[PDB]
Amino acid sequence: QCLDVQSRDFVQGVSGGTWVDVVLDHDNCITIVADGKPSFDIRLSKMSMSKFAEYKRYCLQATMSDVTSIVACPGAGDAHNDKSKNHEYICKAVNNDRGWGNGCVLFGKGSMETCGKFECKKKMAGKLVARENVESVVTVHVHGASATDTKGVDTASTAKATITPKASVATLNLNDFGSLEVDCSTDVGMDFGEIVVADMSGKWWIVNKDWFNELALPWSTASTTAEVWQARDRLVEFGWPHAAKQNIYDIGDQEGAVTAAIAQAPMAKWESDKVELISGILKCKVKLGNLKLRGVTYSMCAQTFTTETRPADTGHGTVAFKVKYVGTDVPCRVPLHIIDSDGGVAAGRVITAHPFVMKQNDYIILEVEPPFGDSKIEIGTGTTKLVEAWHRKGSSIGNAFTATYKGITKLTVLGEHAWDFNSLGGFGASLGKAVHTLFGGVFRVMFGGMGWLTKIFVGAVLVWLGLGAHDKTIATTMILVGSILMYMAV
Amino acid sequence: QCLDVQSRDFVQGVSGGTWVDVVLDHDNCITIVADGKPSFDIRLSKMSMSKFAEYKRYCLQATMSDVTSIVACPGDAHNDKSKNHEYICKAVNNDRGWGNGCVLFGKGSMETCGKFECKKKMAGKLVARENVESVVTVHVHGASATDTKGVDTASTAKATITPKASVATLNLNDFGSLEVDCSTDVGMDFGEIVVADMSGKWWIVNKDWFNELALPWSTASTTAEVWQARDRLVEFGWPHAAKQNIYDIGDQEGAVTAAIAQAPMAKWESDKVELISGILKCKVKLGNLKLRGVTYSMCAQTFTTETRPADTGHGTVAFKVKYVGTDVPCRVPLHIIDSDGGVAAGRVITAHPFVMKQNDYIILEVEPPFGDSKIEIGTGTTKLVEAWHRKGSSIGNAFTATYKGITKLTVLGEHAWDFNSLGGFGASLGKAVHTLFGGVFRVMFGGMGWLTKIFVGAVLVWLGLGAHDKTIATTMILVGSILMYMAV
Amino acid sequence: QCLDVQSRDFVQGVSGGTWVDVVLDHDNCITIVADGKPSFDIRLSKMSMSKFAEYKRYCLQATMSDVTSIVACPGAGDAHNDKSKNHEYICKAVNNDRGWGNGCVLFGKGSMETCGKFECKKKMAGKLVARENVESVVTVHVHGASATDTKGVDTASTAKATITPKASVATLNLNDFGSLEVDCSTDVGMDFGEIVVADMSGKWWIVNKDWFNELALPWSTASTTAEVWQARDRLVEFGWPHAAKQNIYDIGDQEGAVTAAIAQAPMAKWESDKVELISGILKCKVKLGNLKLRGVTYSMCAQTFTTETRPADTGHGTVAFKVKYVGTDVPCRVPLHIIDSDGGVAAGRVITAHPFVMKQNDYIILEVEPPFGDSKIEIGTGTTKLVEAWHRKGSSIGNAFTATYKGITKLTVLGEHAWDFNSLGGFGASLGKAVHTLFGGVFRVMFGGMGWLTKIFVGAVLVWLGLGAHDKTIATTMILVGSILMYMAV
Amino acid sequence: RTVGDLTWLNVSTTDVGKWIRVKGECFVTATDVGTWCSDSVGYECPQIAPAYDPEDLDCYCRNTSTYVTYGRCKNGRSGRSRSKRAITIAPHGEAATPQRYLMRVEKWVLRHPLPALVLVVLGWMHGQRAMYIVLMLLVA
Amino acid sequence: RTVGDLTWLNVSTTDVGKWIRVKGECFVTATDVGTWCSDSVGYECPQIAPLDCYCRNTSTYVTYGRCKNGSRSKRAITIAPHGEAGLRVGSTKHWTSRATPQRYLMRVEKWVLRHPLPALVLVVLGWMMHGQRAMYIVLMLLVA
Amino acid sequence: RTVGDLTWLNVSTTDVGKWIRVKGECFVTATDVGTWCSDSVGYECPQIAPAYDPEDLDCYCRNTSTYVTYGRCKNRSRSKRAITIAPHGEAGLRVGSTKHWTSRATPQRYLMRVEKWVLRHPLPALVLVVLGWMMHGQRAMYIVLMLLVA
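Protein chains in written order, with the numbering used here: chain A, 255 to 744; chain B, 363 to 850; chain C, 255 to 744; chain D, 44 to 183; chain E, 547 to 690; chain F, 20 to 169.
For reference, chain A alone in the conformation it holds in the complex:
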């Protein structure tokens, strides 16, 4: 299922380990393979935040009603209104010189208290989001399974798991494959201290805290049920005083100004009180021990196979081609053979280890990694068996060194989780993991067909050369020998 995305990486899990280290970008996928187990596909399906608390409520569209101005010309004391009691009422005291055209006893500063009722609609609500209660859901798909559907993806193969920094570990009950035990740390990246979700009428955004507070409007930190609306005056204005009345007007809605201001800000998808991040990455270590093969007990197929699509290069050094199974022996593992031009049958590592067909007329997906140069990949047995000839361009050692670079990068990214130093045994296991990751290509390619004992003796000879009387710097060969030896128990 991960042919679709680029950036997929094949992390060959070392045999006899309970750690597999991965990183799952929001747009990513990893296909890990171990010797004794089928092939995984893991991709961070979708991060999400939820259970976020209310913060503030900025008014946008103000409405003034029941404006009431009361006056009293000098000598009678300052004007007073009843309406100053209600916080829902704005009130304002100004002085205006009562002219003789108004005609009370004296001339002088005529104080004016003016009051009116405040109404807000189309309010904007700001809500906090915390580093906690963020859950990313991880999807695993396991190859080899054979789906009766046109798309060769057995729905019963895939399982999900939601993981939080509060509940860091989760196990996926891959039916009949064995529970996959995954534990992980979700570095969000986009800090939850500085960002605040901005609830508009129908849209949401991820806006800066300082920007959100520096916005100037009438807000209300009270409950959403009823809002106090402090700092009302910023969105209403007082008419120039007249001896009789002081008219109060507001500016009207600010939908456009707010929309324009927030437009050049990250747009945040909203779904059932769940907002999808895109920054966060997962630093997961995959405990795969409790997983086992399936179908290993069957026989090998002997009926005919039919092709559905021609082998299309995936660009990732792999070949994918959905082959159908018309036959009778219902449960059966598909044999599979990658043959070099010469007699070499160790041509290339197979990704979809142990493909098996669980019904009649299934559409199994296969994915293989042919060797460099010429190749011929069989798909069955008998005269009728299909054959597909392939030619993989590119140098061998070149792909080896590109793999070394990729391993260096992935190691660095996983750096803290890549290394465990609680115990010397665990630290040794981690160091071996790093060595194997950084030297997998170099080993599996630059050391091929040499022979198992021969490689062991090569490491021993290099160790002796390092221990021999020579330059202290040249002892690097002795150190490299140990890495070779460690890569023999692999």
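Simulated from the structure, these hints should not be mistaken for laboratory data.
Fair warning: there could be bad hints in the mix.
[What the hints assert, rightly or not] With the Cβ distance kept under 10 Å, some of the chain B side facing chain E (calculated, not the full set): (1) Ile432; (2) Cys435; (3) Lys443; (4) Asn462; (5) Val465; (6) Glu554; (7) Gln614; (8) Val618.
[Claimed, not checked] According to the in silico footprint, chain A covers these stretches of chain D (three or more CB under 8 Å from chain A): (9) 82-92; (10) 95-104; (11) 115-129.
Where is the CB? At the ideal position from N, CA and C, for every residue including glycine.
Here the structure of chain A is known, so what remains is to put chains B, C, D, E and F in place on it, guided by the hints.
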């Protein structure tokens, strides 16, 4: 009553002397026993001030009444009230117009006078260094105290020592009389403080800050006020042609209280105010003090305890024993003994206790030695034995005592030196060295032997004169210290 | 008049060399004594700016009249007003939404042009002033006259002459005393082009032209008859536009605001439609040749003189006493001799030279310096000759050294104007006047009574000693002789 | 309707221009007079002596003030806002590599030319000098 | 009650606004009026040829009180914050608030910590030359 | 009085609140209206006679719109905003701030700077002059240069 307090200090007044130099602070209680004399508790009760003068009043609120305005047509209006000093009045320029009634419209004289009335008057009272009084109290341990508490009220007395009369004598019934000299030392300077008085609440603010406060103020007699500069609470209305209204600004109670509250509050009672931080460098002469009931015999009958030995954390054990018996005068034995060797424990504090009346609860506060110990407070098989253990080493307590002595000495220094006479200087030097090395001597030299100690001092004196470094001559000075302790 | 003021510095004008340099500050009366002529009192009287060109006219107070607004239906095209081209009329094109209730078919944003008359009041008048049109008047005065009034000043000694930057040369005709003419290069010291005279409603200030332009108001650079008033909006605003009608208002008086922003500036001295400058030095050269002694023919007096007031010292270093003359030989010269402690009468120096009287009872004012120490000022002959002993504080050579210093500083101040270089003879005369103004006191004091021939011989001896074979410092003997041979020959 | 020593009448669009006898006749000229509703305005009506002219008073009233309560619901739709402000608000904006660190060290050397020259002179007596320059840029 | 060649009358809320003949018909229209009250105002009512009251022929004085509403701009006088008074008064005086043991040593240690590298440099330089190091330390504290 | 292809009427204080028929009946309700003065107000009076009432209209007509010419002889400074101004005394400083080296005035003012520097940092000055004499007028030249440095 000195069990409860903190910061207890123990001073062993040398026998054959008459000087005990102490310092007293509100939260400090000194318990001293001089061998051959009973115990003390001297504790400053309340350094207060009273009978202080009057210095100002501030008119926190203003009121106006029977205001009058006299307007003159253009081409000066004066008012009869202008001569009345109780009236504030102003001369302002505006003339009634033709519509107002005068022949010519324009600007002309107006005099607006009114009755300036004051209430809620703030009260300032300057207070002097003199006229500070302090009731030093003395409580003496070792009585019968028929109450449940071990306080025989006849064993206490109180004396007041104004700096004018630095010497007062307390009459302790039958113990003798305790007389004390003491040069008081107030901490809160009297130069720059003045006792403000709101409606009923009191304060302590800088005389500077008191004067530079801007309000209508009268220095005059207490009964009647003149109110100089009474303008700072009164504003005049807009000078209308008919009249110019006058009215107050507004009462300043809230404003002044908000400006001061970040300042000491002084709870007032009975025309007297307490004064917390006051040190008191008394010296006590205890020569006129004599033991009591030193002609009785030790107690034959039993004792009963009511509570456990409750430590006070000063290396003291206090425990309220009782007594049941017919021998109604009876000195109480107290053999504080240690778990090792059966050698007597150490310093007893409540010294020569007894029981005047049948069935009296007395308090025997005694100091047990470092280690495991046992307090034994009765004759025969009627005793009330106890188990105690003095957690903590000995020499540590010795060093702590030396440091405490250094602190007390340097605190009392200005007073604790008599340079007037050679005899006085010698007495002061002796008291100084004794106070600065009593603990080290008691611990480091305990059971050495009186003659052994004197001979050790002599050996040190000879060694100091021995052929060695001139800077190494400090051993000779050490001998002089050693010898002086043979006075005690 | 010259005695009362301070710093009445004297310049001992040389007889025959008709150059006498002066520097008339605002408060520096100079009395110069010619050995052959009566003495002068020349003292700057004022330096006035008046009758200077127009620059700018700000409209501090503006009134508004006959507002008319032209309306149009929303979407009917923008309306226009006839007055829109009139200079005295201000117009604005405001888009006001004429409503459905406003009485047109289509409601929405609509046109509105309002116009009205913009008329001025309390115009400020800026005016630049140049080097020309600021002229100075110098008043001369001579002594020896007989004032037939209690105030001992004779109008026949006072005389004025206005000198303009353009008309540097002017003559004063002291009646029968002669003619005193003088050139002078007026040097204001307060760059006129930089400042602009500000004419307020009735007040006159001095402000910085950059300040005055950068003032923010409506202005006109046009003729004083009719201002143009561009940028007139700055005092007129348009009220809230109503679909039917628009209002227009001013922004109230500005006299007070401009004053309070300026009153931190000096107030000019308003006299005769003119301001009086404060501190502009005048460097003049006064030619005195056509000045003749008056009454050198009269017989010396014999009658009785009546002192009516004790000789009061002016403080500057000379003594002055009002003196009457009763007698009958009314066209007579008053005698006067100065006698010190010793026998010689040459120790004195008279200021008012050749003092004479016209009528009987002519209050004259005599002035004289007494030789340092004690001295006796007699004022007549015969029996009733008055005698006044005076004691002079301070030393002689001290006054001499201060004289040399003051001469040097005055020379520096006059440096440019008091130096000619075109003709060599003129240069020599300038050098001679300089050497007198720099060494006259030193020469008169340090060599006083040595003797004319003796002084010349001393100068020759110094010159010959300069010819000796010695160091460069000893060669200053030649310079000293060059003062003896050049000063002590005139 | 008079309440609390204050006299009010539910004036309407019909009431413009004609006096209402209430101790003294009283009338209003409010341009916004109309239908009484939630969007209403209520204020005073100063009783002005005849020896004057109505000045700036939307209602000019005789010898007894009387409060008015005309609603601005004229022509059904709400009265004009008379908006007179622009609330405009700050736009949000859209929001160690050795290249930027090289920028920092270059700005240090150009920022402190004399100390940089001192360090360069000291280090020469080469690569150690460059390392010292990087370290010094870090330190300051 | 006319006394002192001036006509006074205890006006009340009743007679406001009604002409009263007293050698002229006279009336008052003030609003701050009320009952006989300690807040009483004295002023003339000038005769006006055809203000709270204008009179016709003979000017009168009124002394109405206002106990009906028996008070604005109550602006508290700006008065000092007592907390900083001690600091300011101390700031005026000289060299009585600095005792070398109590203050100067505190300053020495606060600075020597605040400038540790200069401290080490000075200590090393002084040691390159006993108590001279301590004297140099005190001096370096002084210079800063 | 209709003039210039537009109908005008000399409205007055008595005219407000009363109808006027001119080919329609028209009626003014403006409050600021008075008599002819030096300052008057002119504008159209559109006919809002159709069923719904006038809005934002001080006056309205019935069939033919008119123009009004009332004044403000009430026997009016809306929106007062004083024009703030530069303070004078600081102008002679501010303008002089921008120019360069015309306010240098080297004959004296630089020497005043030299003395101010010699006083302000006397320890470096003493060090500099001592070093200069250690190796005639060179000391004075060094002092002037250092004063220039700051």
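In terms of beta carbon proximity below 8 Å, does the stretch 115-129 of chain D have 3 or more residues touching chain A? holds (count 5)
Within the assertion that chain A covers the stretch 82-92 of chain D, do at least three residues meet a Cβ-to-Cβ distance smaller than 8 Å? holds (count 11)
Does the closest beta carbon of chain E sit nearer than 10 Å to the beta carbon of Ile432/B? 7 Å, holds
Hint check: 10 Å Cβ-Cβ cutoff, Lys443/B to chain E: At about 9 Å, which falls below the 10 Å cut-off, the nearest Cβ of chain E leaves the hint on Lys443/B intact, so it holds.
Would the stated hint for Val465/B survive a check requiring a Cβ distance to chain E of less than 10 Å? 9 Å, holds
Residue hint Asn462/B, partner chain E, criterion CB-CB below 10 Å: Interface hint status for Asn462/B: holds (5 Å vs cutoff 10 Å).
Close enough to count: is the Cβ of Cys435/B nearer than 10 Å to one in chain E? 8 Å, holds
Checking hints one by one. Is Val618/B an interface residue toward chain E, by the C-beta closer than 10 Å rule? Result: holds, 6 Å to nearest chain E Cβ.
Does the closest beta carbon of chain E sit nearer than 10 Å to the beta carbon of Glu554/B? Constraint on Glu554/B satisfied, holds at 7 Å.
Could you check if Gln614/B really has its C-beta closer than 10 Å to a C-beta on chain E? 6 Å, holds
Count residues of the stretch 95-104 of chain D with a Cβ under 8 Å from any Cβ of chain A, then say if the count reaches three. holds (count 8)
The structure agrees with every numbered hint stated previously.
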